[PDB]
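Protein chains: 6
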Amino acid sequence: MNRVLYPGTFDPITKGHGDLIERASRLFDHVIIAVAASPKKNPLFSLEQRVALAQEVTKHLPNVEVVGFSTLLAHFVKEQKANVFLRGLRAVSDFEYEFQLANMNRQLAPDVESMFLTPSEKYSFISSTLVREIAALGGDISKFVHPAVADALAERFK
Amino acid sequence: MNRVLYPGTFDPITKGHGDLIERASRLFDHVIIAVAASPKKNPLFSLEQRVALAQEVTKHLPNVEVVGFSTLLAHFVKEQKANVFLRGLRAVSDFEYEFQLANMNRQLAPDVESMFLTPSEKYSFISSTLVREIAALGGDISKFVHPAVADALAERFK
Amino acid sequence: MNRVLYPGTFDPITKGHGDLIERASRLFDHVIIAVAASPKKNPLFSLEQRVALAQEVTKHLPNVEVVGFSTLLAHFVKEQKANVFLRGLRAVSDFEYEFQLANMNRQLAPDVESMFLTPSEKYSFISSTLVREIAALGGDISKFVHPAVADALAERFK
Amino acid sequence: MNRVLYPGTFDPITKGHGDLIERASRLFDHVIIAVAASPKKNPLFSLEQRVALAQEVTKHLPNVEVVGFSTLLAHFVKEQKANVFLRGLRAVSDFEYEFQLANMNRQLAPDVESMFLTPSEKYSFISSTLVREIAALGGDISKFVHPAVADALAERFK
Amino acid sequence: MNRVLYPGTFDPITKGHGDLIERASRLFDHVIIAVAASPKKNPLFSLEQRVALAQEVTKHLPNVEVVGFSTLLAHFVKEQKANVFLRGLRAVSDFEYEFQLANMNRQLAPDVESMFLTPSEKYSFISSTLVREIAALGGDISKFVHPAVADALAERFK
Amino acid sequence: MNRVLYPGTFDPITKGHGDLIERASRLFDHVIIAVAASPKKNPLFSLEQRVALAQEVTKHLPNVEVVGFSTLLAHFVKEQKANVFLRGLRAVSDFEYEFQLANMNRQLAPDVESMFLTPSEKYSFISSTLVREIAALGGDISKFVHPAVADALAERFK
Numbered sequence: 001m002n003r004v005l006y007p008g009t010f011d012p013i014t015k016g017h018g019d020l021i022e023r024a025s026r027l028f029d030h031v032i033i034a035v036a037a038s039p040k041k042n043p044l045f046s047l048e049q050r051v052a053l054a055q056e057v058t059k060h061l062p063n064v065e066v067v068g069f070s071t072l073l074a075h076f077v078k079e080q081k082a083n084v085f086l087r088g089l090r091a092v093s094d095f096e097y098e099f100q101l102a103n104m105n106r107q108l109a110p111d112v113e114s115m116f117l118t119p120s121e122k123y124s125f126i127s128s129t130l131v132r133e134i135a136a137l138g139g140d141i142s143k144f145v146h147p148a149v150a151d152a153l154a155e156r157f158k
Numbered sequence: 001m002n003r004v005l006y007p008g009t010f011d012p013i014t015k016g017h018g019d020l021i022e023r024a025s026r027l028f029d030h031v032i033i034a035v036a037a038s039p040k041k042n043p044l045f046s047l048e049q050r051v052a053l054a055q056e057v058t059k060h061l062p063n064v065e066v067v068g069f070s071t072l073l074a075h076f077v078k079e080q081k082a083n084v085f086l087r088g089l090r091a092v093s094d095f096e097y098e099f100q101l102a103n104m105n106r107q108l109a110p111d112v113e114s115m116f117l118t119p120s121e122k123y124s125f126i127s128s129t130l131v132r133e134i135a136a137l138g139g140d141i142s143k144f145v146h147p148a149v150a151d152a153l154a155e156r157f158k
Numbered sequence: 001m002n003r004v005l006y007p008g009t010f011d012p013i014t015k016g017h018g019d020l021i022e023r024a025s026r027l028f029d030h031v032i033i034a035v036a037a038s039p040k041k042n043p044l045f046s047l048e049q050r051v052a053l054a055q056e057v058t059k060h061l062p063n064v065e066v067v068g069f070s071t072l073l074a075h076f077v078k079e080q081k082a083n084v085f086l087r088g089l090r091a092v093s094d095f096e097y098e099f100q101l102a103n104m105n106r107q108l109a110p111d112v113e114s115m116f117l118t119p120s121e122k123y124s125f126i127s128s129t130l131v132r133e134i135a136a137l138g139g140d141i142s143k144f145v146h147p148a149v150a151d152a153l154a155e156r157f158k
Numbered sequence: 001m002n003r004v005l006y007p008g009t010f011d012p013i014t015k016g017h018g019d020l021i022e023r024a025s026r027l028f029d030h031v032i033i034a035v036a037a038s039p040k041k042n043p044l045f046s047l048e049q050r051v052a053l054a055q056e057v058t059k060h061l062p063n064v065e066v067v068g069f070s071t072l073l074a075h076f077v078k079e080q081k082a083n084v085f086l087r088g089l090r091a092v093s094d095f096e097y098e099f100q101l102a103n104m105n106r107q108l109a110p111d112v113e114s115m116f117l118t119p120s121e122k123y124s125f126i127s128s129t130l131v132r133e134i135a136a137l138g139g140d141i142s143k144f145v146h147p148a149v150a151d152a153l154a155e156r157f158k
Numbered sequence: 001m002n003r004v005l006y007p008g009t010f011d012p013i014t015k016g017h018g019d020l021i022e023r024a025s026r027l028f029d030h031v032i033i034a035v036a037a038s039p040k041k042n043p044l045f046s047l048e049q050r051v052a053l054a055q056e057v058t059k060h061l062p063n064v065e066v067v068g069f070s071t072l073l074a075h076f077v078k079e080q081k082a083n084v085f086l087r088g089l090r091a092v093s094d095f096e097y098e099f100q101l102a103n104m105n106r107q108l109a110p111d112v113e114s115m116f117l118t119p120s121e122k123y124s125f126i127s128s129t130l131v132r133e134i135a136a137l138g139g140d141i142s143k144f145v146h147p148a149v150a151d152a153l154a155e156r157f158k
Numbered sequence: 001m002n003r004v005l006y007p008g009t010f011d012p013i014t015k016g017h018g019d020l021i022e023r024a025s026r027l028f029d030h031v032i033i034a035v036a037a038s039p040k041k042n043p044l045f046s047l048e049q050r051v052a053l054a055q056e057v058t059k060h061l062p063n064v065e066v067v068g069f070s071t072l073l074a075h076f077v078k079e080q081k082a083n084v085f086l087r088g089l090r091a092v093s094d095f096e097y098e099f100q101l102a103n104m105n106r107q108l109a110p111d112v113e114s115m116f117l118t119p120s121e122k123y124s125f126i127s128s129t130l131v132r133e134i135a136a137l138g139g140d141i142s143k144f145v146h147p148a149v150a151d152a153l154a155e156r157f158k
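Chains as they are written, first to last, in the entry's author numbering: chain C, 1 to 158; chain E, 1 to 158; chain E', 1 to 158; chain A, 1 to 158; chain C', 1 to 158; chain A', 1 to 158. A prime marks a further copy of an entry chain.
The shape of chain C in the complex, shown without the other chains:
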């Protein structure tokens, strides 16, 4: 079978990410949401809290587990025994940066293939960075993230 690994910051996890997991859960027999620590980017939520948010959003999917890791992505995919990388591609991404990451990871872990999916047309154009800025200014983010994610973001700025 195929065990897909979905790595990302997930700070926070949005409906664009969630729609990708919904499509990935129907496709693969096992989906691993690999929440990366990434302490150099200064995430708003901690690695511990980001894992709990991704679990609440994906608690309805049986073959989906969320794990936090602070090691190299190329080494962690071997430790998780996953053979497929998963990244999202919408009309608002990093087409340049996404190819360098997929190509350089193919040199570190040639057994792991990097495939890309596209979210729904309604949940594209939704970035986690703009979600935090709107949440920091008291904006309504019910359209971009799960209701549980909106609770953490609302509580984070009080």
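Derived by calculation from the structure, the hints in this document are not laboratory data. Please note: incorrect hints may appear among the correct ones.
Because identical chains share one entry, a pair is satisfied inside a single copy or across any pair of copies.
[Unchecked claim] Calculated cross-link-like contacts (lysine-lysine; reagent style BS3-like; alpha-carbon spacing at most 30 angstroms): (1) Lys15 with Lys78; (2) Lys59 with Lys15; (3) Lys59 with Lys158; (4) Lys81 with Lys40; (5) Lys143 with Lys122; (6) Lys40 with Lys15; (7) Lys41 with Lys59; (8) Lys78 with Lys40; (9) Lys41 with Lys158; (10) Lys143 with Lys15; (11) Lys143 with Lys40; (12) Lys143 with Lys78; (13) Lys40 with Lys59; (14) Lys158 with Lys15; (15) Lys122 with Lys158; (16) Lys158 with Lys81; (17) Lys78 with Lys122; (18) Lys15 with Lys41; (19) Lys59 with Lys143; (20) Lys78 with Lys158.
Given chain C, put chains E, E', A, C' and A' in place with the hints provided.
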């Protein structure tokens, strides 16, 4: 009537912004230059001086108003009773970020329309970030910005 | 006043065009849909039927007029006394062609301003070319175009 | 089950396609190379000959089948009972057409998921159109296509 | 010394192309304007007439010669004993197609390096295709091409 | 004369840069690798150490000199009496920043021409930022950078 709101950092305001304001004043009955504080990017000039610079550059246009705001753009455009967003289109810039911002602003303020303009070929490829870097190294920036902006930047790095 | 001219082939007119006309009617006092003949690309529908389709789709909007023209766009916009060009912005499309066309039109008609709009996320990624190809193979195109356009395309390939 | 369908013109099939089929064969239990007729593009090789070329290039893979079709891709994928669309992304593809095709196919066949793969850096930047132009001028195309394709192209233009 | 080869259709040659030749003539000791026949694209002007136009535009440059060729570009650069390919890069080009051409030509002629230049900001966004369409509709093309090129285009449509 | 100036951060220098310097050495009589200080980017290696790394990678080329500078690029190129700017384009670069930098540098130093080269397909998609992130996590970066750079990065994060 049409009351357009042109939001941005304007740190500093350049001839690309000025040409965009010149075209916006000819089209709409009232142009509001909404200078955002944006403390997370560490602006070179303060919000007060960026408003004063945009007023000096646009003092010859009667239907142009400059205001500084530090709140959410979706809330501030409603308080100004503006129904049109204005954003600039050059080379490629962040074609992704411009689409995600316009779409996410359409979810917070669906009544406010996001339109885009393109400056003249003479004032394209002029970014506010590169103006500060050349000014920090003592370079001649009289060609890229208004004479008043060149004075403030010269006073900033001497 | 503001009299916007929306030029294009409209072969056929899609929901992406329709959403753009809906937003243009709310903003400007008069919208002119300038349907171009464009015989070099070999359009599927004639200029007469493309005008009739755009009139049927926009018959509910009072400030919208549909006209067919086979002359230069720069000459026709002057004859219609329009001062604003209107073009659509989706995914990426021909970001190059849109800039060269807007700039070269600014050399032929500098008094006519070229502004760009973006349709809703629901009607983006909808091209007139792919609508004809799916219609030619008997596909269901009720989701992409107006019901009247689906009738003409169905009559075209049966 | 996972039965992937790889549609394309394959006129002719190149080493960029071949590396994509080899990576798709490692992931899925069955790979279907769906060679489209596309008579409107005026293909260099016929639909029958394009299928025979793709069979020779992929004759070493047991779980790979090549079929030719001249109907709608959404109807043919339903007839093949395939649940995965496959398209290639080499950072020099048609991100515009690829996103419009995947999204509009999601309206015709929502049960079929559109995923994208990336070939190796050595086999990227290889387009079937430029292979025909170099072959038409007597150029050496042994590096871009399979040896069997090089024989057909050499026989085609000599 | 360096003998640069500037290949292209030049149908017709524009001021964007001319500005590239002006910069190339100051840089290299010898500039060869290689006008390609390209009969499959159906050029407006013949290969014989396109050579005469490029000679009239560049008659003021001593180290610039215009030649017409109907063979492979990779073979013709060896026959011309040129070691540098030259292509233009503006904010309106074919960033995808330009890399495939430069990379695949590096496999056919590894001794010939493909370098890229950028024209002036005023002469960017000027394509030969839009020049012919505007000329075919009686438009004023004095801004895009040399006065001699405007004479041929005006005489061509009478 | 032709004295090319190759500016960049080189933090660290990669194989994509190295292939670009080897191709630049074949063309010009003298290649100057201008390592910029750039203290605002917080480089991993110091300006002195980045110059020493570029010297070891290019020690086999006689006509290549590496110098460090902390002034404006337009002022330093005048002090070096160089007439050619050199930047790399691998279809995954920063076409936005690269065009804005080349055009605005043409206002500061019009006598200095900005040309672009493309590295091999094997050494494209290699960014200095991703090399540091993989090295910081103990990853194998022997394939992306020179062996001397691999020793420094291994000593830097071990």
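Here is how each hint holds up against the structure:
1. Taking the shortest Cα distances, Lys15 and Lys78 sit within 30 angstroms of each other both inside one copy (28 angstroms) and across copies (26 angstroms).
2. Within a single copy, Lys59 and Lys15 get their C-alpha atoms as close as 14 angstroms, which meets the 30 angstroms cut-off; across copies the closest is 37 angstroms, which misses it.
3. Only within a single protomer do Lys59 and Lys158 lie at most 30 angstroms apart by alpha-carbon distance; the minimum there is 26 angstroms, versus 39 angstroms between protomers.
4. For the identical chains of this complex, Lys81 and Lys40 are intra-copy neighbours only, at 26 angstroms inside a copy versus 39 angstroms across copies, given an alpha-carbon limit of 30 angstroms.
5. Taking CA atoms no more than 30 angstroms apart as the test, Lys143 paired with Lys122 passes in both settings, with 10 angstroms inside one copy and 15 angstroms between copies.
6. Taking the shortest alpha-carbon separations for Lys40 and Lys15, both the intra-copy value of 24 angstroms and the inter-copy value of 25 angstroms come in at or below 30 angstroms.
7. In this assembly of identical chains, the alpha carbons of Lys41 and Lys59 lie at most 30 angstroms apart only when taken from the same copy (27 angstroms versus 36 angstroms across copies).
8. Taking identical chains as interchangeable, the C-alpha atoms of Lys78 and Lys40 lie at most 30 angstroms apart only when both belong to the same chain, with a minimum of 23 angstroms there against 36 angstroms between chains.
9. Taking identical chains as interchangeable, the C-alpha atoms of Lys41 and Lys158 lie at most 30 angstroms apart whether they share a chain (22 angstroms) or sit on different chains (22 angstroms).
10. For the identical chains of this complex, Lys143 and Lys15 are neighbours both inside a copy (8 angstroms) and across copies (23 angstroms), given an alpha-carbon limit of 30 angstroms.
11. In this assembly of identical chains, the alpha carbons of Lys143 and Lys40 lie at most 30 angstroms apart whether taken from the same copy (29 angstroms) or from different copies (24 angstroms).
12. In the homo-oligomer, the alpha carbons of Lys143 and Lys78 lie at most 30 angstroms apart only across protomers (19 angstroms), although the nearest pairing inside one protomer, at 36 angstroms, exceeds that limit.
13. Proximity of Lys40 to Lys59 under the C-alpha cut-off of 30 angstroms is restricted to the intra-copy arrangement: shortest distance 29 angstroms within a copy versus 34 angstroms between copies.
14. For the homomeric pair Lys158 and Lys15, the shortest alpha-carbon distance inside one copy (22 angstroms) is at most 30 angstroms, but the shortest distance between copies (39 angstroms) is not.
15. With identical chains, the CA atoms of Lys122 and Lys158 are at most 30 angstroms apart within one copy only, with a shortest distance of 28 angstroms there and 33 angstroms across copies.
16. Taking the shortest alpha-carbon separations for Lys158 and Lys81, only the inter-copy value of 26 angstroms comes in at or below 30 angstroms, while the best intra-copy value is 41 angstroms.
17. Taking the shortest alpha-carbon separations for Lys78 and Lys122, only the inter-copy value of 24 angstroms comes in at or below 30 angstroms, while the best intra-copy value is 34 angstroms.
18. Proximity of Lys15 and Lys41 under a CA criterion of 30 angstroms is satisfied in both settings, with 21 angstroms inside one chain copy and 26 angstroms between copies.
19. In the homo-oligomer, the alpha carbons of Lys59 and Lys143 lie at most 30 angstroms apart inside one protomer (19 angstroms), although the nearest pairing across protomers, at 33 angstroms, exceeds that limit.
20. In the homo-oligomer, the alpha carbons of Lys78 and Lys158 lie at most 30 angstroms apart only across protomers (22 angstroms), although the nearest pairing inside one protomer, at 40 angstroms, exceeds that limit.
Going through the hint list in order, the structure satisfies each hint without exception.
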